[PDB]
Amino acid sequence: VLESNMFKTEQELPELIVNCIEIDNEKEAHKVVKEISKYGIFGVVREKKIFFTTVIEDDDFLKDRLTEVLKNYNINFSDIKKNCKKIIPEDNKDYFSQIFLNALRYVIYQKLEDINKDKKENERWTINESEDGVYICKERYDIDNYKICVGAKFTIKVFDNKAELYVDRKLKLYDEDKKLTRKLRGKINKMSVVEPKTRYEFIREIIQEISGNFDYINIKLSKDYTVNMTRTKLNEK
Amino acid sequence: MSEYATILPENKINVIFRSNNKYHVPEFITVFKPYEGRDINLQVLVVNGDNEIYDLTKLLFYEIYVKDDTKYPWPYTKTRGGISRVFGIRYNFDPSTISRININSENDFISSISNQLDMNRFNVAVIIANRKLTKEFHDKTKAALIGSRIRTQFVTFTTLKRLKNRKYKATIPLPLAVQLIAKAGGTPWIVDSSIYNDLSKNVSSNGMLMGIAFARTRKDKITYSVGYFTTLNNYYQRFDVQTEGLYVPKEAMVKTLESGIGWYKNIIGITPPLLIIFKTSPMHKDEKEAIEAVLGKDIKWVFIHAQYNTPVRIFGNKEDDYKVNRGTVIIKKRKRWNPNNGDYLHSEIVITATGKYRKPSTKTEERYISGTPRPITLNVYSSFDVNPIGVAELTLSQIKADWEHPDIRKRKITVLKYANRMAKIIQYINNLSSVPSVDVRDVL
DNA sequence: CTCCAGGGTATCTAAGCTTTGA
RNA sequence: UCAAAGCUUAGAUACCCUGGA
Ligand SMILES: [Mg+2]
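As given, the protein sequences belong to chains B and A, one line each in that order.
Count the first sequence with the deposited numbering and you get residues 2 to 238, in order.
Count the second sequence with the deposited numbering and you get residues 1 to 242, 254 to 374, 379 to 459, in order.
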């Protein structure tokens with residue numbers, strides 16, 4: 002039924018509400034958001050303010066976590082604004098995109114603890130904290146002393162005020178030196194170009210291991226704002 | 001309504017051959033003859049090589065294309081012989097005019113080829129050289145002969161040596177031959193424009209096309225070209241010629268739109284009823300303002316951003332493994348579209364161009384590619400309620416013109432490809448006098 | 001009111017590979 | 001560069017922002 006790899010929302014992304022904090026150093030604020038993405042604070046640094054949503058009902062707990070993380074980076078900050086801003090995803094696509102990706106990172110991090118018990122060191126899921134978005138690395142190889150890894154990359158788009166998450170299978174190379182070899186490229190093509198059945202089953206496994214049934218994915222951005230997205234499975238005209 | 005999808009039957013994007021023959025397989029040029037033709041006068045210029053190379057050039061350009069005794073396969077047709085027998089063109093070449101060009105210093109190649117190049121006797125000048133020389137002199141030669149009547153057709157030593165496999169000997173000749181009968185002035189085929197009706201059904205099959213593409217290099221500097229296209233079932237007029256980013260400044264975009272309008276007007280002067288503008292990057296604000304300023308409400312327009320690098324993948328049917336038919340279209344309309352305000356994004360159409368296809372059995380056999388299809392995303396902006404199915408069909412037929420890939424195995428938009436090539440070539444042109452209007456055949 | 005340097009996310013152009021077109 | 005496809009890499013660009021001059 003022409004099933005795809007895209008998980009789309011069903012209604013228009015309801016009005017988002019985010020709490021802002023005044024930060025005087027954007028550069029370290031980016032590292033701050035990267036770090037706090039693990040504790041349930043999904044935020045983006047814009048206009049000197051960290052705008053974020055959270056899944057923590059304890060205001061004191063959230064305040065303590067943010068304050069500690071900000072002190073660790075030598076940042077002068079202010080108090081939480083408690084619904085500082087209202088964001089329609091369509092008007093501000095990057096705000097929603099970054100908050101959504103941070104929430105997805107948090108969900109994947111939470112699932113990692115329980116989807117890695119029965120695994121080997123060459124099959125343990127991880128999140129690559131490098132120059133990319135969300136990347137779940139789940140297969141490792143040392144081909145000719147060249148370290149490579151197969152994983153699933155996630156991307157988010159907002160179209161017609163609706164969220165669309167694309168998960169696909171990508172291979173990456175973390176070798177500091179240059180390839181300069183043809184056998185390595187031959188092997189990398191051998192294992193990175195596959196029929197659309199290794200790829201489809203790879204995507205299915207990736208989604209199932211983090212959301213149970215893979216017909217849908219639920220990503221919680223706040224105590225009341227949850228993106229419940231479904232795979233298309235469109236039949237025909 | 002909402003997000004839906006379908007599969008476009010392959011026999012709906014047909015192309016026209018001689019005697020107005022409609023068929024969806026460009027290789028049927030071997031059965032329906034080229035839509036247009038011109039006598040070919042080859043000048044096979046060879047660069048320093050070895051005896052085997054010259055023997056291979058003789059084998060390719062004489063035994064296959066001239067000698068009727070050599071019964072070459074020429075698929076889809078039982079006819080055997082040279083081009084003059086299979087296609088219906090005045091192919092001319094003798095294995096004694098091949099020139100033994102040699103070089104020993106930088107810049108000798110271009111000068112030697114210019115001296116050995118002849119105008120009155122020859123209109124196609126094949127060039128044969130090793131990759132080391134072609135890779136670094138091809139763009140310069142193309143720029144040097146731009147506008148002139150000497151259209152070159154390069155060939156590498158590896159391609160000639162491939163002719164000994166007997167598998168490549170049955171697939172390399174024909175695609176090259178079409179190029180020949182396109183670089184002598186011929187038109188291997190054109191694209192049936194009736195599909196344009198499915199676009200809107202409120203305008204004839206005619207129209208206008210324009211694809212802005214960017215060439216990066218220019219000695220570490222972004223550049224671009226424009227490209228033009230038009231069809232009426234009898235005319236083609238494919239002319240293609242012309254920045255701190257992958258966008259057209261407002262001034263340049265206004266000038267480009269006006270120049271395209273004037274070009275179409277010089278063609279027939281009917282004030283183009285429709286302006287389709289392909290682009291390989293998102294509609295910048297400058298381009299949006301330029302489109303509003305020049306087109307406004309006078310002309311109906313459709314700005315199609317063709318995103319190749321996309322994350323969307325399409326499988327399905329769970330029975331033929333998970334392979335997807337070639338012509339699959341996923342349409343998503345956008346309700347939040349243009350309340351006469353300035354929000355022009357109309358819909359999004361994801362089309363697969365490479366997948367399962369049924370080409371004729373030559374004696379239909381299902382065929383597939385290696386890997387997984389990479390569909391294209393058609394981010395459509397429009398000032399009217401355009402039909403996404405018509406846009407998808409138009410884009411498919413646009414992929415098919417391409418007198419360099421006679422097949423249904425490609426996905427790139429031809430207008431954008433040749434615009435990018437023209438942008439790369441612009442590097443080495445120092446005279447913008449006759450440049451304003453040159454043919455695609457120069458940079459084919 | 002104008003650039004350059006930075007950040008995050010998403011693309012784009014250009015290079016190197018493999019395969020494919022009987 | 002007979003053509004294409006589907007991979008991976010490098011850099012660059014666009015959208016929002018920050019700093020400086
Ligand atoms: Mg050529």
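It is worth saying that the hints were derived from the structure and are not from the lab.
Careful, some of the hints might be misleading.
Stated by the list, open to error - Calculated cross-link-like contacts (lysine to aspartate or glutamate; reagent style EDC-like; alpha-carbon spacing at most 16 Å): (1) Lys329(A) to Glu202(B); (2) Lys191(B) to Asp143(B); (3) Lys67(A) to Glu106(A); (4) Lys343(A) to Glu13(B); (5) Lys334(A) to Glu202(B); (6) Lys112(B) to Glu206(B); (7) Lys82(B) to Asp115(B); (8) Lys198(B) to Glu330(A); (9) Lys346(A) to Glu202(B); (10) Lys329(A) to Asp60(B); (11) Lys163(B) to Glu330(A); (12) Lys234(B) to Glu210(B); (13) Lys238(B) to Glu262(A); (14) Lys346(A) to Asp60(B); (15) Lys296(A) to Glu330(A).
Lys329(A) paired with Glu202(B) [C-alpha distance capped at 16 Å] = holds (11 Å)
Between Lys163(B) and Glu330(A), does the CA-CA distance stay at or below 16 Å?
-> Judged against 16 Å, a Cα distance of about 31 Å means the pair is violated.
Would the pair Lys191(B) and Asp143(B) pass a check requiring their Cα atoms to be no farther apart than 16 Å?
-> This hinted pair holds, its Cα atoms lying about 15 Å apart.
Within a Cα-Cα threshold of 16 Å, do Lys234(B) and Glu210(B) meet the stated pairing?
-> violated (20 Å)
Below or equal to 16 Å on CA atoms is what counts here, so check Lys346(A) against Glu202(B).
-> violated (34 Å)
Given the proposed pairing of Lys238(B) with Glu262(A), does the C-alpha separation stay at or below 16 Å?
-> violated (43 Å)
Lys346(A) paired with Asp60(B) [C-alpha distance capped at 16 Å] = With a Cα-Cα distance of about 39 Å, the restraint between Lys346(A) and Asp60(B) is violated, given a limit of 16 Å.
For the pair supplied as a hint, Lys334(A) and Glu202(B), confirm whether the alpha-carbon distance does not exceed 16 Å.
-> holds (13 Å)
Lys82(B) and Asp115(B): Cα distance at most 16 Å?
-> Distance of about 35 Å is beyond 16 Å: violated.
Is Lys343(A) close enough to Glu13(B), meaning Cα to Cα at most 16 Å?
-> holds (14 Å)
Compare the distance between the alpha carbons of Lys296(A) and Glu330(A) with 16 Å, and conclude whether the hinted pair is satisfied.
-> violated (46 Å)
Between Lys329(A) and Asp60(B), is the straight-line Cα distance small enough, at 16 Å or below?
-> violated (49 Å)
Checked against the numbered hints listed earlier, the structure breaks hints 3, 7, 9, 10, 11, 12, 13, 14, 15; every other hint is satisfied.
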